Amino acid sequence: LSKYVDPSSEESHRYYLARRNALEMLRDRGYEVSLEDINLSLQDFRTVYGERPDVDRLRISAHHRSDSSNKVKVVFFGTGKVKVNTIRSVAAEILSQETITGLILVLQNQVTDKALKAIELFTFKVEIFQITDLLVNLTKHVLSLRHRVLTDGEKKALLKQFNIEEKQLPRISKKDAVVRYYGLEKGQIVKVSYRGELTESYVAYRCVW
Amino acid sequence: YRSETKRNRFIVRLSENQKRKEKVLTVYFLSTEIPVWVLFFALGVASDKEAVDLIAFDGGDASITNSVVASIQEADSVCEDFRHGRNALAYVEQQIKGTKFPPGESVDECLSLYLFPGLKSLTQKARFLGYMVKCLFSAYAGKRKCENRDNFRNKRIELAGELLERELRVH
Amino acid sequence: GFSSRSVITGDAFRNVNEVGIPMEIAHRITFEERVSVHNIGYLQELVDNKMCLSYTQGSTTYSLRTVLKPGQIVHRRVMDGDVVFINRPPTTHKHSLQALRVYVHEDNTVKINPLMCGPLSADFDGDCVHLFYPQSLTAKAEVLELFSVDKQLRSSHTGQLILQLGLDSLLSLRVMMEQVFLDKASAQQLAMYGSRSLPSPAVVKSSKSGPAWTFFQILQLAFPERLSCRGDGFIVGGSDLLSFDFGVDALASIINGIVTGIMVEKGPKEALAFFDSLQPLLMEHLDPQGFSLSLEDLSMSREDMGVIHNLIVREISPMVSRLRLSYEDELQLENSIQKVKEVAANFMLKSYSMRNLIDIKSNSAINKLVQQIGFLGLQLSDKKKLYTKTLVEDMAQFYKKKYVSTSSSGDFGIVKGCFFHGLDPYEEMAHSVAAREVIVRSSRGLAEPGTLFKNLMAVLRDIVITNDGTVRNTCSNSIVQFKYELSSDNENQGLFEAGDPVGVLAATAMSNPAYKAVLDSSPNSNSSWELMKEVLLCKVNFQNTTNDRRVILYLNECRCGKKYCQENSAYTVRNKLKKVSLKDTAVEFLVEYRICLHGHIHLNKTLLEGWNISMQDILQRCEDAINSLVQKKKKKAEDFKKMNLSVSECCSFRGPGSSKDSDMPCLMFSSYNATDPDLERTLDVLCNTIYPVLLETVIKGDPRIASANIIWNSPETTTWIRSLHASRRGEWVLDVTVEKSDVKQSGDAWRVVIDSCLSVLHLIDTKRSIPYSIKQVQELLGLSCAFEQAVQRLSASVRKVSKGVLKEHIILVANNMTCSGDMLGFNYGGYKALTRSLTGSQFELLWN
Amino acid sequence: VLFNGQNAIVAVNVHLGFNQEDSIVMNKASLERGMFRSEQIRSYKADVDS
Amino acid sequence: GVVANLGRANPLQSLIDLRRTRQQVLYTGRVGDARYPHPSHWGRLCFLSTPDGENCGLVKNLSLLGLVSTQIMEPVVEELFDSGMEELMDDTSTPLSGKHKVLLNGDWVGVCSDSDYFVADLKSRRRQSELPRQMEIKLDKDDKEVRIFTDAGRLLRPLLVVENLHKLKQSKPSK
DNA sequence: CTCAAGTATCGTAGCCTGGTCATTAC
DNA sequence: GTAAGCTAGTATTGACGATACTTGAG
RNA sequence: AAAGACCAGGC
Ligand SMILES: [Mg+2]
Ligand SMILES: [Zn+2]
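Chains as they are written, first to last, in the numbering used here: chain L, 98 to 306; chain X, 60 to 230; chain C, 76 to 923; chain V, 24 to 73; chain H, 11 to 185.
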């Protein structure tokens, strides 16, 4: 290994890392997904799906841990430049399937400004990602910190103390890394406790805005 | 080349006036872009071999040969057989005369007045143009350095006579 | 009311909070008083002695230059005991407003205590101050209550004291420490200056001499009564200095501990009384001894100078002709010349006068003495200097020209001589270039601190600690922070209180080290100001500069636990990444006639083998790229219709010049769609379209990585961009830089380094590698990670220039930057962004 | 006339803390005997029409 | 920045106000190496004394033995033939390889075959007062060129000539 | 039928206090 | 009325950010 | 009056 290079296909390895990243983000978000559907090798991935894998034979993912009616899917894509008629037809068959509460669209090379408004009208809440953003797990990095979201009652009890109206708080934008990694809506309030030799024993509270 | 008169400025440029053209030679004389091969045959040279003798390439250097054959076959793409008698001279007549504020002169008196003052014959002006092009090609290949204006061998110092002359000419 | 400008001089024998005012100033400035009960007789005495200048009863200003009834305004002249406030004209003097008590003299200057030079950052070489004179009574109360010296004793930028024992006082303490005992006459003469009583002698009787005190009993003569405190190197008990440990490396810190003991438990003014009794005692101790320096102090021996010159001509000069030809990352020069400078300092601190007149642990002040006694060191280089490289080449050629006596006997950028023995004319010119560059950088370069302070005050002006304790903006009434300190609450008071303008304090604590760094303009203080600007001046719009494309890649640890296997993985990934193209191997392009015209790209045989490339590789890596470029962006690229390629190890066509005769490797190409009736247009298409696009084809490595070099890191900064991994210190890293043509929007360089690292990615430490710029960390890891990294970088840069800045101002700066939602800068691009996105009135008195 | 000043005898020594921060201490009797004694002439000008 | 006031605080301020030189620039604050000493200042401009404000390095001071040349009014081109210079013929057909070009104030006036005899004979005729004293002769081996300057504005300085230096012994040491 | 972009320009680039002068008549 | 004879007519030390235009192509 | 232009001292 000290000087080894893997003489295999890279695109199967890219779909492997991106699919385990999707599974990881669902498991750390909280939904029940199968163990070791995360924890599997690259080699047995290459045995089960090949070296040049097809995308519609993906992992149709599972539902909520404690709730039952909250279920979700993933949709992978092809390489070339995309047009939104594909997304509307696949959304028609998605809503025809059984029932969901959303899905993750992992795109490949481009999203369209015609696309985001033409997926905005659908009857659930879906996400759009990028295939090259999903390689390294950002919550496995050393510099990452915990973002424990507090309940609506704890939000009320914090707004009790300082007599404030939620737009005088410090903010965190919704097009942020950890905000889309946990799939947070506007108006939730998250806290973070800092470790680090100038900011130890220091906590912060931000409102998604 | 600069001088006293503002009508004496003479520039030879090595550039692309445009795929992927070879770099060619251009003359900016009397606010008029002229190919340098036309000016060579206008000053009185007879052959391309003696024109590249006037430049004196010192051999080799295929970029120099590429630039001179591109400038030849670009000279031939502007005037139809400029090498025949007074064709290039008529070309620089109609190229000088069409400018903004043309000079009150024919081209022969224009050459004897505003082209390289201090030289006698047009033969010597062709030789000086070949020396100028040799200097440019030698700087191109990295054998010559560009002038920097911080080296004081490129500077003159003006005191009371030089300033008082300039002030007195205005009034 | 009134103002006054005057030249300052010093006076060590009056009190710290006293200012001496010239009589010409004092007899023309007035103070106004409202005459009423408890001051009829006292003001009547003054008007009888013609010390009141003017008067007004009602409104009609009748002059006196009249008896007193209660209710009019007397304007008397300045006398002893009044309060003025002092300010040097605040060019950088942002917090120097001090309140002082007035005495009058006959000279022309303004006299202040020498302990007040560092709170004002003034010296006695021509400086002038402005004195202001408060007229209203509520203004007198505000000046006396906020800006007095005992009120302002503990600093608000750092946690330290604004009053430190300096030049002559510390030297007096050092010479009082190297001899320990004092006889009776000088001890009683010193005891005349103490506020306490002289103790019994520590030594009552020896058989040799008489009684003798120690200097601890002299130093204790300034304490207050019944003091008992404790610190690091001292024990004080019962107002007696019981213990004080040895040192000269500790002495100033022990004095600072004694003063903070007194000002933690002693009074309302007792630390000032301590200084007011200590300083004249130390002057009167040093005065019957004197202190000087001779030529012997400045003359290094012949042996030590021979060792210095031998270490230079052995180590420094053969290296400097190697690693200066490389690029900027090799500052090994500075470490090695610092080792030789350490040797020189160890030599020169054998003279007793020189070690008492400097701070030994300081390094900016110890390089200046090495330049005088020994060599000057490096004076010319072509890295981040304000002059160009043509000047450096001209100076190297001039070095060849002038030392015609055995040229290249050393380097041209190293000066070997000293100031004490004199420079050559060449060494003088080389030193004069470096001095001129420092002077220009210090004078012209004072506009970026000037801009930074304006944009810092424009955003940080209205951030106040409120009455409930939350640090809030006041124009928008939004929470910037929930607590300013970490132990402040309504049971425990602290250094900061409600109503404090903490934003202005943060802005000034940020602007001070910037101005200090530029006014010094050392290489270290230049690099620190660079590191500070790279945090404080970020841009919310993507500018895709050089730092935006840089990525640091880390590695794993211990292949099979064998020695020398981590560098092998480093070059494995380097050999996978690094870009070398076909034109890096091409030498000539030879068009042949045998359809008819056939091009021969000729190669070099050796660099194919030194990089392990074969020719079928080059055929593949040309063919895939040319078929992609005829597939991508299909217009004006129909020259590759049926163009042909071919490969051979040997062709030997060998056109007229520079033959290799055999195995000159050749990539033949041709065309077949150009069925032309002329050769002259075929030569145009094969020499002006195809041959350009066939040169920039890359053969080994990835086409998007512009560079990927290996740095050993290990800068004894211990993982400068890591926070908690291990106690390891010697990792080797790759600093990948992507080409400009690939990064389009922000965050792309990480995306194209990870995707191009994909077949070798089992070797890279995925959980540790990060980008280089702080906005790219914000794009990759999020806003909280960017906040913590901005604190961690700003702290290092500010600690390199000026030591001990409090963490509260840095945390407030990083909170105010990232309060809008995304990290913004202190420039116009950040200011208009937030502007688009978006004490007084604190209490009220009334009767009861 | 290339040199404008005096030859003063200088000692390098501390003087009760009165020469700190680049101050100097001078001699009273050397000043009374005429060292560094200076004359100064100022001109005040005015014009009218004739 | 052309005409200044004369200062009379002491005679030295008046002396150094008359010996200054200036490089005027457009926006003061973004120049190249104009503010720095160049090695071609040696002996003619002081590299130690300069202002420190905005005019740092842009205003120079003359050295002590520095002289500014003036224009030579006599014709000099016809006395160049006596040292081994030949004419520039008019045929544009003859090649001139090996010969060095001579340039008088930038104007090409002739060629010379041996250049290490032409220059050494011109310099010997200048040291005997039949050529003007302010005439600059530069031999250029790489460009194959001999440049001669006789115009105004050049900075000169005196130097000892070593090979003529033995002519003091036989003279008399009167001042 | 619009983003980006490749130019095409605009405009500020050290800043503040002192003292001074010399200020087109037509 | 001065426009700064007509004056050049690009034909000589600045150099970046910041805003505004004429391409191809989904 | 107001601006230009210069010089000096700091930052
Ligand atoms: Mg000072
Ligand atoms: Zn070949």
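Wrong hints could be hidden among the right ones.
[Stated by the list, open to error] Derived DEER-like restraints, expressed as beta-carbon distance ranges:
1. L212/C with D62/H: 43 to 51 Å
2. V13/H with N421/C: 51 to 59 Å
3. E378/C with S298/L: 37 to 45 Å
4. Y146/L with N643/C: 31 to 39 Å
5. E378/C with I26/H: 42 to 50 Å
6. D62/H with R243/L: 50 to 58 Å
7. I26/H with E609/C: 40 to 48 Å
Treat the hints as calculated values from the structure; they're not laboratory data. All C-beta atoms, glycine included, are put in the ideal place defined by N, C-alpha and C.
Against the structure, the hints:
Between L212/C and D62/H the CB atoms are about 47 Å apart, so this pair conforms to the stated range of 43 to 51 Å. A beta carbon spacing of about 58 Å between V13/H and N421/C agrees with the range 51 to 59 Å that was offered as a hint. Between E378/C and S298/L the beta carbons are some 57 Å apart, a value that contradicts the proposed interval 37 to 45 Å. At roughly 32 Å, the beta-carbon separation of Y146/L and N643/C lies within the given 31 to 39 Å, and the hint holds.
Checking the proposed 42 to 50 Å range against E378/C and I26/H shows it holds: the Cβ atoms sit about 45 Å from each other. Checked against the hint of 50 to 58 Å, the pair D62/H and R243/L passes, with Cβ atoms roughly 56 Å apart. A beta carbon spacing of about 44 Å between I26/H and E609/C agrees with the range 40 to 48 Å that was offered as a hint.
Of the hints listed earlier, the one the structure fails to meet is number 3.
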